[PDB]
Amino acid sequence: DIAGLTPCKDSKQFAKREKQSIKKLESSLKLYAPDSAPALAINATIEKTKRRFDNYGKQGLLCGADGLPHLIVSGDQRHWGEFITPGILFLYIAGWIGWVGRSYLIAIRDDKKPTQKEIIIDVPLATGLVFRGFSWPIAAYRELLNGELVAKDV
Amino acid sequence: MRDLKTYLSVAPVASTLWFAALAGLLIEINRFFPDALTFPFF
Amino acid sequence: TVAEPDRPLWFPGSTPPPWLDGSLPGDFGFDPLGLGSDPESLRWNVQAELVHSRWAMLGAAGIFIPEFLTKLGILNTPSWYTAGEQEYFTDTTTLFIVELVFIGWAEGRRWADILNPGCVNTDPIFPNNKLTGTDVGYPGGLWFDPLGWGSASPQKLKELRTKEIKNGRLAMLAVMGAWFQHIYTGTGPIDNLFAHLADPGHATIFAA
Amino acid sequence: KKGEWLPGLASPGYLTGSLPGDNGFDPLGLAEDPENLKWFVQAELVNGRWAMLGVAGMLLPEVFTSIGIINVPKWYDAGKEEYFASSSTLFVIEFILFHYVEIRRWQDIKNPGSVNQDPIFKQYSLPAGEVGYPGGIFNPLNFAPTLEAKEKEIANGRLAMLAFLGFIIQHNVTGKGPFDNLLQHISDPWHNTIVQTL
Ligand code: CLA
Ligand code: CLA
Ligand SMILES: CC(/C=C/C=C(C)/C=C/[C@@]12O[C@]1(C)C[C@@H](O)CC2(C)C)=C\C=C\C=C(C)\C=C\C=C(C)\C=C\[C@@]12O[C@]1(C)C[C@@H](O)CC2(C)C
Ligand SMILES: CC(/C=C/C=C(C)/C=C/[C@@]12O[C@]1(C)C[C@@H](O)CC2(C)C)=C\C=C\C=C(C)\C=C\C=C(C)\C=C\[C@@]12O[C@]1(C)C[C@@H](O)CC2(C)C
Ligand SMILES: CC1=C(/C=C/C(C)=C/C=C/C(C)=C\C=C\C=C(C)\C=C\C=C(C)\C=C\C2=C(C)CCCC2(C)C)C(C)(C)CCC1
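Protein chains in written order, with the deposited numbering: chain F, 78 to 231; chain J, 1 to 42; chain 2, 58 to 265; chain 4, 52 to 249.
No lab work stands behind these hints, which were simulated from the structure alone. We treat Cβ as the ideally placed atom computed from N, Cα and C, and that holds for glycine. Don't take every hint at face value.
[Claimed, not checked] Distance windows between CB atoms, simulated: (1) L132 (chain 2) with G68 (chain 4): 49 to 59 Å; (2) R209 (chain 4) with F201 (chain 2): 26 to 36 Å; (3) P191 (chain 4) with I174 (chain F): 45 to 55 Å; (4) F153 (chain 2) with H236 (chain 4): 15 to 25 Å; (5) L70 (chain 4) with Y138 (chain 2): 55 to 65 Å.
Please build the complete structure, drawing on both the sequences and the hints.
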């Protein structure tokens, strides 16, 4: 397939890893009781392992000769769940944080003692500003067209 | 009491609270949707 | 606004705090942590204490009447604690959603009036209708005061209101006791009362 | 009183009750700039008119075919039924025509009155209305473009945008038509919610 990687459903190495880890867990299990709390913890971990391997099977990830999952970030459309849509999520959240921070900085810059509001936050003001990040993209766009994002004469 | 409200907004306390809440949020997310490598929705 | 200077004091001999003058109803000068030393703080917490007291009174009625007449074979309402699950015509999440919408409307109205007095008074659909009470937390009007019982002039209104706040404090404490008894024991409250009454010198909390 | 979206909350200084539909709602400070507001008014009107056409053409065919007059598909299916032409052909035609009309609208937003007159026949211009409201030939019935009817317009447009939101989230979570959805909630409602859907 892409870069020679075959699917984790069809990968024998992927399966081998799954069953090796599972029965290593279950060899560590055969102790303490068949019902004591340690046994219950170990069985929960076994079930979580099965869920993890099966989910990676469902999601159509690519495996190599190692038997572990690989990531395709080229832009191919069968793999946007790997990098590009979590990347869009990240860029949105990051811009949110930074936009709120810059608007707070601007809001307090005209105070007589601006440093007093830097080391001691004005929490009601920030509470009014937190939710503008929700539309930070549109605002930042109309602030770029306005000639309003970049400090003139710097 | 007002002095306490001010003190609670001093930088170390504010950051402590902010990050403890953030930590609880990420911890609970990962306790519900464990072992995520991709965005499996759309 | 009648600064009773030598009212009853919860701790006799104390000198009450400067912000607790005697104007507010149900005043006894109890704020040893100084949680009400700022006027806006004080008025907000007045609203909070009031609404908590009315909620607690509704709840105390809804437990202690139905339980006292469930022990007696009047009704067959299950345990107030275990009544959270015994299922009705629907499930609970939808029941909660409709309750949410309905009561959240009213709480937003009360919100508006707490932050801007008398600015939501009348109805938009029917402007002629108007709430008749001129204080925050004492709405009046026909809906909340159709009997006229409430609106009057001081020495009359002040006493009625103090009576309200004392009943409410006792009801908050009452439902708190119901909760902690039924979590400590696995019983009903009327059972607790009857057992303790049949052996007061021995049927206390010190039975475990 | 020019209407409050929140009977306790005060107006913003930048909203004047001048444009129709003003109820004083802009909590996120999007239009605290007059140029921003001039642009946003236009976007709201045009998005609303498209939502109106879309939701009407989505929903009315459903009930028409559901009490047996004509047989039409569902909106989330109608793009697949084969037509007299490719969907590529129709898309390219659409692109060129919308190119033309959208750049015309653009120039009129930028410079009112400058794109009025016909470019082929040097007569047959348009009278000098306002931006967002081109009357004239686009108004054959010569209805009075009065203040009362602009508030009518924008209210219908807002409700249409919300109807569109509903249709798409509905289809993606349930999987059938909005009339299916409606009546199957209608008869037995207290077990027909978004909750049991989730
Ligand atoms: C290092 C060179 C390079 C580069 C730069 C690219 C770039 C790209 N490739 Mg490609 N590729 C490469 C090498 C490269 N490739 C190689 C070597 C191969 C052979 C394996 C491929 C094989 C390949 C395939 C098979 C495909 C691509 C595709 C793509 C495109 C996918 C991303 C996209 O669709 O846009 C981005 C997606 C979006 C939804 C855009 C949203 C982003 C927002 C707008 C930005 C967020 C900013 C912020 C949050 C908000 C803005 C605020 C602002 C106002 C201030 C992209 C432009 C795909 C394609 O053709 O695209 C359709 C595709 O199918 N590539
Ligand atoms: C949520 C309940 C609540 C609230 C909001 C108030 C609020 C108020 N009380 Mg009140 N009080 C209460 C419960 C409450 N009380 C109960 C149950 C009793 C009976 C024991 C009393 C008895 C009492 C007296 C005698 C007096 C007041 C007074 C006052 C006012 C003084 C200002 C102040 O205290 O700062 C603000 C208040 C708060 C910030 C609420 C504090 C909540 C803390 C954090 C609870 C801590 C936990 C608790 C100690 C243990 C709970 C477990 C337990 C139930 C088993 C104020 C408006 C004075 C007054 O003049 O009234 C007008 C006064 O003299 N109260
Ligand atoms: C105890 C309490 C508050 C106590 C607060 C105290 C002591 C604070 C005191 C001080 O701070 C001050 C003032 C001043 C400081 O300087 C000093 C200290 C000392 C710090 C509130 C309870 C408040 C209790 C309330 C509000 C109860 C409401 C109950 C309801 C509505 C019941 C609902 C039900 O419906 C369910 C859900 C299920 C149904 O089946 C049945 C029922 C049970 C009926
Ligand atoms: C364009 C649109 C819909 C158009 C649909 C069309 C044409 C449908 C077309 C078709 O059906 C046909 C005809 C035939 C079918 O075979 C094919 C399709 C293709 C299906 C909807 C827009 C819909 C747009 C929506 C929902 C907009 C939402 C905006 C919101 C919520 C903003 C709120 C606030 O901004 C304020 C006002 C103030 C701020 O301060 C705070 C916040 C809260 C941010
Ligand atoms: C697509 C893709 C890709 C590629 C990429 C690239 C290569 C690109 C780029 C890029 C670039 C080349 C960029 C740029 C930039 C520039 C500039 C110039 C900048 C800027 C920025 C800013 C200005 C910011 C601002 C802000 C905001 C808005 C937020 C907050 C605040 C602040 C202020 C920070 C890859 C393959 C990898 C992957 C797949 C997909």
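Hint numbers not upheld by this structure, sorted from lowest to highest
none
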